[PDB]
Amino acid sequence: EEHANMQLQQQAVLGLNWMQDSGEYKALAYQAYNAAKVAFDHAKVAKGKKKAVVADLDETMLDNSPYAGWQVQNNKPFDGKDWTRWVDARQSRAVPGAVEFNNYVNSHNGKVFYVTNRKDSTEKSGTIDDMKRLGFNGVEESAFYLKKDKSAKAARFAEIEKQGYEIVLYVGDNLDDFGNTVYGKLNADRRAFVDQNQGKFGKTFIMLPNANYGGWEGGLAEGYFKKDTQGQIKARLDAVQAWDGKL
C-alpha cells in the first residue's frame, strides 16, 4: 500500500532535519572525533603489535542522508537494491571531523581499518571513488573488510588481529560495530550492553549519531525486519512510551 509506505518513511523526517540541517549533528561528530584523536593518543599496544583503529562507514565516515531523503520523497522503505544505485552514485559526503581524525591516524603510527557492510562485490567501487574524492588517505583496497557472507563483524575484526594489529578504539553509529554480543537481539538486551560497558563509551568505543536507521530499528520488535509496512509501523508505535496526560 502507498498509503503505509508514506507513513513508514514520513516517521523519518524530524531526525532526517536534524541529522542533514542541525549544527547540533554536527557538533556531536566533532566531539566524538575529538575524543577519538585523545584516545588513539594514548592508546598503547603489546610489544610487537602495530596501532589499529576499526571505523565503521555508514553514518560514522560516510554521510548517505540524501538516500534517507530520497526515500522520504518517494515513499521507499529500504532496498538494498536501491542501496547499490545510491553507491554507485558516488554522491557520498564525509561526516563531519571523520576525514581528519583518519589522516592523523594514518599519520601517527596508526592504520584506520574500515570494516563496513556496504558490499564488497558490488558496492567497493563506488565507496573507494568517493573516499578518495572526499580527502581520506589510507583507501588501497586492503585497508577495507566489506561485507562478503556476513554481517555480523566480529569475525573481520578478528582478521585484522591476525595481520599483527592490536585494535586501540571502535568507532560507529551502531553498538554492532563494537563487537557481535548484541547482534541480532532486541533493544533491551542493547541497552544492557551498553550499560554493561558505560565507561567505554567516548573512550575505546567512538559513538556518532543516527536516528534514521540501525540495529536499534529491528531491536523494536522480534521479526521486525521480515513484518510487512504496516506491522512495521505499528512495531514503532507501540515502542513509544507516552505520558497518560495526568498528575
The other form holds:
2 protein chains.
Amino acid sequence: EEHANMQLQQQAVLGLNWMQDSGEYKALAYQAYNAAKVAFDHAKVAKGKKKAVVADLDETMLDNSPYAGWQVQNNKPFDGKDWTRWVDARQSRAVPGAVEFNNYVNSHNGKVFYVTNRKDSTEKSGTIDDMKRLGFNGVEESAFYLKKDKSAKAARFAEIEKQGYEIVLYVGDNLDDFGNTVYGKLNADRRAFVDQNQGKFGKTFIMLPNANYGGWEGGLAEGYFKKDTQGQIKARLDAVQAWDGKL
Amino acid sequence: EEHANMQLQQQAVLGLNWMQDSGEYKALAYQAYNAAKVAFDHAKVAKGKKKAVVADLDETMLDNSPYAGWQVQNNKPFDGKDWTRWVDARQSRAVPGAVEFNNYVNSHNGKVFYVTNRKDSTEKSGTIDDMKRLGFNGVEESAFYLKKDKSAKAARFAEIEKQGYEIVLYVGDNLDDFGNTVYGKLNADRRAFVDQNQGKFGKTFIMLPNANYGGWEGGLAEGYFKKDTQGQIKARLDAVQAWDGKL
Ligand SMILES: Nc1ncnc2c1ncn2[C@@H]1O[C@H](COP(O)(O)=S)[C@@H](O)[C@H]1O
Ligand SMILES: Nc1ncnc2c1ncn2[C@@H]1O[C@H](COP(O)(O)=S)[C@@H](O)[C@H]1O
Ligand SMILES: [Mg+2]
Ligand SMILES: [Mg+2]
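With the form solved without adenosine -5'-thio-monophosphate already on screen, would you show the form deposited with adenosine -5'-thio-monophosphate bound?
Every chain and every other molecule in the complex is listed next, the one we just looked at coming first.
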C-alpha cells in the first residue's frame, strides 16, 4: 500500500530535518570528535602493540542523509538494492569533525580501521572514491573491513587485533559498533548494555547521533524487520510512551 | 484541519522512538555528562570568583518525552497551555547522567544554576517538586532562573555573573542555551555559530540530543512559528535535502 509507505516514511521527517539542518547536530558531531581526540591522545597500549582506532562509516564518518531524503520524497522503505545505487552515486558527505580526527589519528602513531556494513563486493568502489574526495587520509583498501557474510562486527574487530593492533577506542552511531553483546536484541537489553558501560561513553566508546535508522529501530519489537509496513508503523506507535493528559 | 495536525505530529514519531527507547540516546546523554565532569574538574576561575555551571532543564536535565508522546497520540501541535498542564502533572523524568553530574558539581566547590524557559509564575512549583523527587540536590528556589519576560537566556547568564560567579561551562540541547548570538536566527546562521565554536563542544559547551523540538525547528524557515499547520508541514518538507535517485 502506497498509503502505508508514505506514513512510515513521513515519521522520519522531523528527525531528518534535525540531522540535516540543525546546528545542534553539528555540535554533537564536534563534541564526539573532540572527545575522541582526547581519548586517543591519552591512550596507552600494551608493549609491542600498534595503536588502532575502529570507526564505523555510515552516520559516523559518512553522512548518507540525502538517501533518507529520497526515501521521504518517494515513500520508499529501506531496500538494500536502492542503497547500493546510492553508494554507487558517489554523493556521500562527511560527518563534521570526522576527517580531521581520522587524519590526526593516522598522522600521530595510530591507524583508523573502517569496520562498516557497506558491502565489500558491491559497495567498496563508491565508498573509497567518496572518502578520497572528502579528504580522508589512509583509505587504501586494507584499511577497510567491509561486510562480507555477517553484519555483526566483533569478528572484524578480532581480525584487527590479530594483525598486532590494540584498539584504543571505537566510534559509532549504533551500539553494535562497540561489539556483539546486544546485536539483534530488543531495546531493553540495549539500554541495559549502555547502563552497564556508562563510564565508557565519550572515552573508549564514542557516540554519534542517528535518529533515522539503526539497531534501535529493529529493537522496537520482536521480529520488527520481518514485519510488513503496517506492522512496522504499529510497532513504532506502540512503542510511544505518552502522558495521559491528567494530573 | 485534523488531517494536517496528524501529519505534522506523525513526522515526530521516529525521532521520538529514538529518544524514548534507544540505548544510543542514553549513551549520548552519558557521553555528554562524562565530558561535562571532566570539563568541570579542569576548570579554573578568576581570583575571587565562585565556580558556576549553567544548565538548561528541558531535554537537558529533565526528560519531557511523555508530553511529545501525548502530542503524537492526540494530534496536538505544541501549545503553551498544554505545556503548563504537563509541568503541573509532575511526571517529568531525569535525563541519564544529569542528577549525578548536578550533585557532583554541587558537592565539589561548584553551583549549578538552572536557566530554563519553564515559566517562573506558573511552572515553578511542578519543576521544583519533580527535581526534588528525581534526586537533584541544590534545588532551592534561588538556584533557578525561570522565564519571566524573555526566552533569550543571555541576560540571566549575566545575572549569575553579577552575583560573583564565573560560569565554567554550559549544558544544553539548544544552541540558545549557550548565548543569544543566534537566537531567533535561521539554521544557516546557527550552523555557522557552531563552526565558529567547533573546539568548545564537549568542553565548555556541553550538548544533549533533541530531535523533537527547539530553535532548530523555527530555524527551518523565516517566520516558521507564526505559520499555520500546513505551512509548517511545507517548511519541513521543503527543508529536506534529497538524492535525486541518479548516479
Ligand atoms: N534506513 C535504513 N534502515 C536499515 N538499514 C539501513 C538504512 N540506511 C542504510 N542502511 C544499511 O545499514 C548499513 C549501516 O552500516 P553500519 O556499518 O553504519 S551498521 C548501511 O551500509 C546500509 O546497508
Ligand atoms: N514541542 C515544542 N515546541 C516548541 N516549544 C516547546 C516544545 N516542548 C516544550 N516547549 C517549550 O520550550 C521550553 C523549552 O525550554 P528550554 O529552557 O529547554 S529553551 C519549554 O519549557 C516549553 O515552554
Ligand atoms: Mg553506522
Ligand atoms: Mg532545553
